[PDB]
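Next comes just one chain, in structure tokens: the form solved without the ligand.
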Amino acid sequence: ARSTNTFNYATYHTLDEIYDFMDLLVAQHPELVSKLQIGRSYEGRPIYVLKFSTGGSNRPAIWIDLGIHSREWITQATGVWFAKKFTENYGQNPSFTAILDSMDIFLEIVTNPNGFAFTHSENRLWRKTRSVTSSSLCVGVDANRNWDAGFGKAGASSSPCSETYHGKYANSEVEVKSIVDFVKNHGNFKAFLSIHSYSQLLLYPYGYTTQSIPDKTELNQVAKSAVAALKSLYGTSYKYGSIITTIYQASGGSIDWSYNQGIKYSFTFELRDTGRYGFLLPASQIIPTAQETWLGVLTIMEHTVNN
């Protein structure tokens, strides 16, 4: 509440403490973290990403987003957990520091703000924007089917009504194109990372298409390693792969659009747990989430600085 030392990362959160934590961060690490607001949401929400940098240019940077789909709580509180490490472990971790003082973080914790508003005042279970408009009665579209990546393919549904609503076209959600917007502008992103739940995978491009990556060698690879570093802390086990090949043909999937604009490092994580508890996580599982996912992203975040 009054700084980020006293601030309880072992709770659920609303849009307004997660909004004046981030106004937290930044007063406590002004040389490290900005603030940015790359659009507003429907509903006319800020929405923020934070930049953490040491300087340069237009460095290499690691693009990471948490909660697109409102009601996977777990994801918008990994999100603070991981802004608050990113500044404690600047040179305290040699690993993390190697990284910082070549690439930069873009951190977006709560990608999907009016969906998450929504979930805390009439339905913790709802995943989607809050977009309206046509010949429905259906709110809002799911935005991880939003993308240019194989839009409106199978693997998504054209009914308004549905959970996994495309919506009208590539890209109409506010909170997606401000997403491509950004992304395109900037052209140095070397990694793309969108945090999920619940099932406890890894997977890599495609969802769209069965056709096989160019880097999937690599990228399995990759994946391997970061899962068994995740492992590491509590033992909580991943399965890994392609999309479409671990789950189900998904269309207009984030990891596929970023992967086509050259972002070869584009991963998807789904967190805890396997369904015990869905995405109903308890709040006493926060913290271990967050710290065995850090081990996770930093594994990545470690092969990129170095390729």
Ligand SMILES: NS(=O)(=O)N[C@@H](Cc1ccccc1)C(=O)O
The other form holds:
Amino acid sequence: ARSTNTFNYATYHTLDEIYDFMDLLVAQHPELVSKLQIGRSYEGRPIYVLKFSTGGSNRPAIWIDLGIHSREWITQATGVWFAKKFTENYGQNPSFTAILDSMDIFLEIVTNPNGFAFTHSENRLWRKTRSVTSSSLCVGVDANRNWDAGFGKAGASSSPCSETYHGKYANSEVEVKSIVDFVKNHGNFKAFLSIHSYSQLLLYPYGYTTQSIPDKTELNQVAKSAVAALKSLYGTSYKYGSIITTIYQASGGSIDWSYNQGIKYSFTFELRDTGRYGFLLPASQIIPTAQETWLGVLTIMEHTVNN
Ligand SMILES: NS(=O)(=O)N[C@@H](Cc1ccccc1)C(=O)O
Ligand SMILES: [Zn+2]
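Switch from the form solved without the ligand to the form deposited with the ligand bound and give that structure.
What follows is the whole complex; the chain from before opens it.
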């Protein structure tokens, strides 16, 4: 509570505790991390992004977002751990140090604030945002079906009450448009990673079309390598491939959008587990999950800095 060194990484936290955590981290490592507000959620909560940088002018960057689907608590928890990990490994780990000396990292721990708060107060399994639709009593949009990539096509629902409702139009959700604007304004992102749970998968584009991306071979080899590194810690087995061939057809997904923007290294991680606990993964698995997931993300970052 007092410093990031006394913060309990082995338990799930509320929105306010995570937000306070951000201010403690920035105050402890002002020369490495800064807090940016890229917008406000539907219910007015600020949307924060942590920027890790050793300097430079608009250096190529890595984007990482967690919790777009609020009920996937393991993601926001892994995000908090990542933030701390960055500050601890810079100057200690040769590989990660090399990356931060040439690239910036943007981390969005709570991509869907309103949904997260709701999972703490009313429905632990809430998935969508909390926006209100005109002609319906149902609330929320699936933020991972709201991006401008095959928007409205098969793999999403036009029903406001559906768990996979895509919304009135692409980027209708302020939580999504805030990211879209920031990334387009930045113009120099080289990697885009969106974290989810569960089922243990590493996926690349596309989800809305059966068409194969032109960088299929390279991304597949990168995924294979990332999966091998992640498995080395506790033996956690991951499967990998394109969204549509590995899990199911899904339209309006974020990495399909990022890839079509020219960001070649676009991947989505579906963390632990495989169904035993699902979204209600025990707090005792937070650290081990984050630790192994780190090796997988580091692997992708390494390939990016050199390519
Ligand atoms: N967390 S999940 O169980 O919702 N699965 C994800 C899979 C997914 C990930 C990235 C783009 C399209 C689809 C989903 O948004 O449906
Ligand atoms: Zn999800």
